[PDB]
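**Q** In case you want the letters, here they are:
Protein chains: 2
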Amino acid sequence: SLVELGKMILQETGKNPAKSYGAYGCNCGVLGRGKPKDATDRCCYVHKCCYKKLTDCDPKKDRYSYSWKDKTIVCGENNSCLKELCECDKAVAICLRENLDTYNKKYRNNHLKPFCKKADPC
Amino acid sequence: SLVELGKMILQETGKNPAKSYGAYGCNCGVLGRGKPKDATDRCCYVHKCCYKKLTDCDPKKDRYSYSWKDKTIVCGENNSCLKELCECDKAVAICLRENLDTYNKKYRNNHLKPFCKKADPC
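From first to last, the protein sequence lines stand for chains A and B. Numbered by my numbering, the letters in the first sequence go through residues 551 to 672 in order. Numbered by my numbering, the letters in the second sequence go through residues 551 to 672 in order.
Simulated from the structure, these hints should not be mistaken for laboratory data. A few of these clues could be false.
Given that identical chains are not distinguished, each listed pair holds provided it fits within a single copy or across any two copies.
Derived EDC-like pairs (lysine to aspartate or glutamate); straight-line CA-CA distance at most 16 angstroms [unchecked claim]:
hint : residue 1 : residue 2
1    : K565      : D651
2    : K619      : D651
3    : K621      : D651
4    : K603      : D620
5    : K640      : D651
6    : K640      : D620
7    : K619      : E648
8    : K565      : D620
9    : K585      : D608
10   : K656      : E634
11   : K621      : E648
12   : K610      : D651
13   : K610      : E634
14   : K655      : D588
15   : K663      : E637
16   : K667      : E554
Looking at chain A on its own, in the form it has when it is part of the complex:
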């Protein structure tokens, strides 16, 4: 669940998950999928693609366990679907940190419905 999502993102990026990626671009906090606007927006994209393929456990709500060992997110050994869920969450936090270079507050908007195009399909 997002409670674990937030813990991941703060641990990887150092940034506050809600404050930073709350409403960023066309993926990023928000609900649904669009043509990315930058690479951080692109991370969040892959993540929803990732969530989609999971169709057994409620990715957006159901919980799991990970460990912060030796500065790393190692997924616990949950069930087939919960493990990929953990995995998807790890990827995005990893992905987001790697892209802090290009992060730009710009893509939050002022904070109003942006111009989002239909996403490329997963």
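Given the coordinates of chain A, work out where chain B should sit on it, guided by the hints.
**A** Using the frame of chain A, we list chain B on its own:
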């Protein structure tokens, strides 16, 4: 200051610096150096010598600035003293993480303190 130290330990280790090392063994979270009981103990022993050599800086109280960058603690410039102070803390946050395999709550002085022998000359 203890504010920054606390933050580093948490960041590297993932534990409350007060719960976990608040009073641990001969040298963690307590006063003076003693002959260390375990590897976690020897972290804080080494850490206190790092402080011994710090004249010109109130290790216990001297605010400095560092950053979390690509999952690493990068110390802000500041003066040599403060630089050194920041180093000591990093190295202790790190040494601590490294030696979680043998953290022994047996030595959690707070449950029955520990008889401590005399320390070596730093």
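**Q** Decide, hint by hint, whether the structure agrees.
**A** Taking the hints in turn, this is what the structure says about them:
In this assembly of identical chains, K565 and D651 lie within 16 angstroms of each other by CA distance solely inside one copy; the values are 13 angstroms within and 28 angstroms between copies. Taking CA atoms no more than 16 angstroms apart as the test, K619 paired with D651 passes between copies only; the shortest distance there is 11 angstroms, against 25 angstroms inside one copy. In this assembly of identical chains, the alpha carbons of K621 and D651 lie at most 16 angstroms apart only when taken from different copies (14 angstroms versus 20 angstroms within one copy). For the identical chains of this complex, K603 and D620 are neighbours neither inside a copy (30 angstroms) nor across copies (29 angstroms), given an alpha-carbon limit of 16 angstroms.
In this assembly of identical chains, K640 and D651 lie within 16 angstroms of each other by CA distance neither inside one copy nor across copies; the values are 19 angstroms within and 24 angstroms between. Proximity of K640 to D620 under the C-alpha cut-off of 16 angstroms is found in both arrangements, the shortest distances being 15 angstroms within a copy and 14 angstroms between copies. Within a single copy, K619 and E648 get their C-alpha atoms only as close as 19 angstroms, which misses the 16 angstroms cut-off; across copies the closest is 10 angstroms, which meets it. Taking the shortest alpha-carbon separations for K565 and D620, only the inter-copy value of 12 angstroms comes in at or below 16 angstroms, while the best intra-copy value is 19 angstroms.
Taking the shortest alpha-carbon separations for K585 and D608, neither the intra-copy value of 24 angstroms nor the inter-copy value of 53 angstroms comes in at or below 16 angstroms. Within a single copy, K656 and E634 get their C-alpha atoms no closer than 32 angstroms, and across copies no closer than 37 angstroms, so neither meets the 16 angstroms cut-off. Taking the shortest alpha-carbon separations for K621 and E648, both the intra-copy value of 15 angstroms and the inter-copy value of 10 angstroms come in at or below 16 angstroms. In this assembly of identical chains, the alpha carbons of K610 and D651 never lie at most 16 angstroms apart, being 28 angstroms within a copy and 34 angstroms across copies at closest.
Within a single copy, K610 and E634 get their C-alpha atoms as close as 13 angstroms, which meets the 16 angstroms cut-off; across copies the closest is 44 angstroms, which misses it. Proximity of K655 and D588 under a CA criterion of 16 angstroms is satisfied intra-copy only: 11 angstroms inside one chain copy versus 47 angstroms between copies. For the identical chains of this complex, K663 and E637 are neighbours neither inside a copy (29 angstroms) nor across copies (42 angstroms), given an alpha-carbon limit of 16 angstroms. Taking CA atoms no more than 16 angstroms apart as the test, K667 paired with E554 passes in neither setting, with 29 angstroms inside one copy and 44 angstroms between copies.
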